[PDB]
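K.L.:
Next come the chains, spelled out residue by residue.
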Amino acid sequence: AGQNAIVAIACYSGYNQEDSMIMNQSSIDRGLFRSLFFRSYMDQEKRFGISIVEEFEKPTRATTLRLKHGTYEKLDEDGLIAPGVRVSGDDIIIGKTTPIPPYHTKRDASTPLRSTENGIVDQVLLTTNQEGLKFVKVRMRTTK
Amino acid sequence: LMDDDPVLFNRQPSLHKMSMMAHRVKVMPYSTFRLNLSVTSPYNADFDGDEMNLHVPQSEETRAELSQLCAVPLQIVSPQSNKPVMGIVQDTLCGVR
Amino acid sequence: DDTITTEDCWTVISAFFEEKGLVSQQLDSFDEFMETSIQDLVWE
Amino acid sequence: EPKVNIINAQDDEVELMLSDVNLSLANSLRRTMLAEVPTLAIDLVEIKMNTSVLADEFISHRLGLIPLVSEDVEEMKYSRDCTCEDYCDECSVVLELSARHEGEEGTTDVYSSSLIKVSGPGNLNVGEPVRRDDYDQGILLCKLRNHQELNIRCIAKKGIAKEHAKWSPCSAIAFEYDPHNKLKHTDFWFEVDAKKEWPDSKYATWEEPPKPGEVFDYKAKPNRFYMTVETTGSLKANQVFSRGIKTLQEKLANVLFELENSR
Amino acid sequence: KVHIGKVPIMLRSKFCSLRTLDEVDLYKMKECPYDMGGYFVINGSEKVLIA
Amino acid sequence: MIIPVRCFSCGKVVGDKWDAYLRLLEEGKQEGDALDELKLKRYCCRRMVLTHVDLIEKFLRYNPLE
Amino acid sequence: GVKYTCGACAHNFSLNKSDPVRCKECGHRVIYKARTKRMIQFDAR
Amino acid sequence: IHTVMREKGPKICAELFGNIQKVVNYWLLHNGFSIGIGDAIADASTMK
Amino acid sequence: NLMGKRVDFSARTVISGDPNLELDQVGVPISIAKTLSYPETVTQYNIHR
RNA sequence: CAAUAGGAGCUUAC
Ligand SMILES: [Mg+2]
Ligand SMILES: [Zn+2]
Ligand SMILES: [Zn+2]
Ligand SMILES: [Zn+2]
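Chains as they are written, first to last, in the authors' numbering: chain A, 819 to 920, 931 to 972; chain B, 437 to 533; chain C, 9 to 52; chain D, 4 to 266; chain E, 155 to 205; chain F, 1 to 66; chain G, 28 to 72; chain H, 631 to 678; chain I, 340 to 388.
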């Protein structure tokens with residue numbers, strides 16, 4: 819969980835004072851202390867009744883309301899983004915709709941990406957939960 | 437936010453009036469805040485993880501208040517012990533010796 | 009017979025860790041629980 | 004007045020003594036060879052199918068760090084000064100890598116020799132990944148198991164080491180002068196005696212040690228510089244040295260041009 | 155045999171299904187051989203009991 | 001994970017030497033002598049090869065999911 | 028429709044949003060989507 | 631610092647910090663200053 | 340909520356040292372400099388800017 | 001043109 823860096827102890831330029839520390843940009847460029855980051859988002863469908871359930875689906879503007887301010891143009895027809903796609907902040911990675919109880933009768937419950945993070949989708953998993961409703965896990969990847 | 441705007445700059449805990457002082461802005465890349473090294477003593481700060489807060493005055497009265505009462509040059513001498521609180525530190529002292 | 013050196017001590021310690029590992033207290037507690045504690049709680 | 008005395012000269016490294024030049028000149032030459040001599044390196048990677056255990060940007064970083072033959076890179080243009088859209092044939096070199104493991108035992112290693120040059124501004128001798136010998140296997144890139152595949156289209160471009168270390172033609176430029184401290188430019192830390200506790204420079208026998216009767220000289224400047232350039236095979240040592248000199252010359256000519264054409 | 159409930163299992167214990175299965179089948183079951191166990195899995199989340 | 005192409009500190013290419021280093025280690029030669037023959041003379045380059053841990057062997061053991 | 032893959036038996040297939048989530052060859056319970064078809068660029072830095 | 635603050639005002643005293651910092655930092659950059667394991671070692675007679 | 344409260348127009352990040360800044364200068368990241376703002380009344384001395 | 005609450009736990013700098 820570390821790397822053997824070559825360290826000098828010197829008052830070189832004054833940028834390492836009070837527990838600061840100068841690092842070689844070239845060594846960073848060659849891969850020193852470089853790390854991968856994986857974030858996984860989760861979501862599933864709930865059952866609010868008999869025939870009232872949620873659905874993974876790309877929410878069209880006409881039948882849906884209160885759509886997030888991110889872009890939906892990355893979801894496939896199943897409401898899921900595909901692995902291998904570049905994703906920015908505020909982008910939707912799991913589209914989901916919750917029906918409106920008693931056209932234009934649906935609200936969205938989509939999961940956007942965190943407003944700070946960039947990265948690349950790595951592994952979009954799809955299964956069913958304890959109660960047999962559809963279950964999705966999406967692992968993102970990035971490099972820091 | 438632009439160069440030379442007065443902003444109130446602050447580290448917790450704010451034990452005395454010189455823990456929160458008004459600084460002039462200089463815009464830079466590389467997402468950390470930059471401080472001249474002689475003001476790290478009144479803040480009791482160092483550069484091993486610390487974070488500090490920045491408050492932007494939203495009117496001219498508060499700009500003038502910051503620049504004429506809270507500015508860093510005005511707090512060099514403290515009333516706590518009628519002596520300076522900012523000095524030469526930590527490599528400039530060794531080098532000047 | 010000769011004097012036990014530091015390396016002999018590290019050989020002994022390697023034997024200790026080969027047997028027990030680093031989380032043996034958790035595992036042994038839970039094995040004791042499932043072997044005896046549940047039945048004893050049912051028969052309390 | 005400047006003089007060069009080569010002490011060792013092979014393809015990858017040259018060891019030479021530089022003399023009758025100012026220290027600023029020698030240090031500027033060292034810096035130029037480390038940072039501003041253009042080379043060729045993969046600057047854009049395109050993944051088609053990567054089912055290996057390694058991640059995409061991991062492999063991209065490794066491919067960018069692969070030395071490529073750059074002998075003719077100076078007759079080439081920077082991709083920011085070409086009228087062309089998405090890479091053309093004259094300001095970029097396109098490489099292909101295709102690898103695949105078939106079978107259910109063993110591991111197939113993917114080496115840099117497997118990179119294949121497809122296009123490039125012929126007949127310029129640029130682009131090929133550098134091999135040490137005829138039988139060299141190159142750099143390790145990835146490893147593959149059953150049914151795992153790697154399909155990559157790399158683009159190579161011209162750049163310098165200021166932007167990123169992968170364009171550096173040099174590894175380490177050893178550099179020293181005045182082995183006997185006649186100029187007193189250093190001041191030796193010691194416990195008992197500074198002469199016993201400090202190892203001799205490898206060029207100590209190249210200069211006369213100071214005599215005990217000698218007094219300090221305040222006219223002497225540094226005049227002889229011993230430096231050992233090493234390369235990564237992308238350029239040859241004489242090529243690195245000569246193009247560092249030429250790059251410095253053209254930087255000074257640029258300054259002169261701006262000065263004269265500022266009147 | 156009345157079913158009275160489900161007890162969570164400590165991984166790598168005598169009642170875990172990974173206790174057997176020497177390294178090859180551990181690899182086939184997607185389990186890291188360095189993983190030492192000692193924790194529980196509740197709703198897919200690893201939980202450790204602090205003494 | 002896998003042997004780095006360059007030395008972090010100076011930039012010498014060490015990515016083509018890991019297999020040779022392992023072959024040198026099989027016939028009994030100790031690490032310093034193997035690093036000497038591969039002509040790694042600076043201790044930065046030497047610690048590049050001497051401290052590498054090859055984890056790709058462990059990562060490759062989990063069956064490809066495609 | 029869109030290509031999926033088993034997690035246990037590595038079978039490739041494609042489901043069309045109305046059959047349940049299952050593998051043909053084995054019948055396993057967990058599936059992963061397939062990699063996209065678009066082309067992805069990296070900076071090699 | 632106290633003298634310059636009292637005689638010249640806060641602005642000149644503030645600029646004094648910068649002047650001294652810059653001069654001394656340049657000199658130390660081209661002089662150098664380090665510390666090593668040998669700086670904590672006393673000779674044999676002092677150890678006795 | 341009365342003796343102390345959360346306020347708009349504030350920022351926070353790690354601090355670093357800079358020997359080349361003046362005593363009353365603070366270096367502000369570009370992203371924060373663009374996220375935070377100051378309202379400047381338009382007048383006949385600053386309209387071009 | 002609209003992004004819940006309450007708790008517990010682990011941490012950061014003094
Ligand atoms: Mg601190
Ligand atoms: Zn072009
Ligand atoms: Zn090295
Ligand atoms: Zn299957």
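Honestly, the hints are just simulated from the structure, not real lab data.
Careful: at least some of the hints might be erroneous.
Each computed DSS-like pair below joins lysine-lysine, with the alpha-carbon atoms no more than 25 Å apart [said to hold, decoys possible]: (1) G:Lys-44 with E:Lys-182; (2) A:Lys-876 with G:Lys-30; (3) D:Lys-185 with D:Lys-239; (4) A:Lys-965 with E:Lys-184; (5) D:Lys-6 with D:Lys-198; (6) G:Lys-64 with D:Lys-51; (7) E:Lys-155 with E:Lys-184; (8) A:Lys-965 with E:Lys-155; (9) I:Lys-373 with A:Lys-972; (10) G:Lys-51 with A:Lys-892; (11) G:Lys-64 with A:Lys-934; (12) A:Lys-972 with A:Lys-876; (13) A:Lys-965 with G:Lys-30; (14) F:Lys-58 with C:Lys-28; (15) H:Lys-652 with H:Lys-638.
K.L.:
Decide, hint by hint, whether the structure agrees.
P.N.:
Here is what the structure says about each hint:
{"no.": "1", "hint": "G:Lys-44 with E:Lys-182", "verdict": "30 Å, violated"}
{"no.": "2", "hint": "A:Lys-876 with G:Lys-30", "verdict": "17 Å, holds"}
{"no.": "3", "hint": "D:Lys-185 with D:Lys-239", "verdict": "35 Å, violated"}
{"no.": "4", "hint": "A:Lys-965 with E:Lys-184", "verdict": "17 Å, holds"}
{"no.": "5", "hint": "D:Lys-6 with D:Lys-198", "verdict": "31 Å, violated"}
{"no.": "6", "hint": "G:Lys-64 with D:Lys-51", "verdict": "8 Å, holds"}
{"no.": "7", "hint": "E:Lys-155 with E:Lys-184", "verdict": "34 Å, violated"}
{"no.": "8", "hint": "A:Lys-965 with E:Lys-155", "verdict": "37 Å, violated"}
{"no.": "9", "hint": "I:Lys-373 with A:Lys-972", "verdict": "23 Å, holds"}
{"no.": "10", "hint": "G:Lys-51 with A:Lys-892", "verdict": "28 Å, violated"}
{"no.": "11", "hint": "G:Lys-64 with A:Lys-934", "verdict": "31 Å, violated"}
{"no.": "12", "hint": "A:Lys-972 with A:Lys-876", "verdict": "31 Å, violated"}
{"no.": "13", "hint": "A:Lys-965 with G:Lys-30", "verdict": "17 Å, holds"}
{"no.": "14", "hint": "F:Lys-58 with C:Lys-28", "verdict": "24 Å, holds"}
{"no.": "15", "hint": "H:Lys-652 with H:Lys-638", "verdict": "20 Å, holds"}
In summary, the structure is inconsistent with hints 1, 3, 5, 7, 8, 10, 11 and 12 from the numbered list given earlier, while agreeing with the others.
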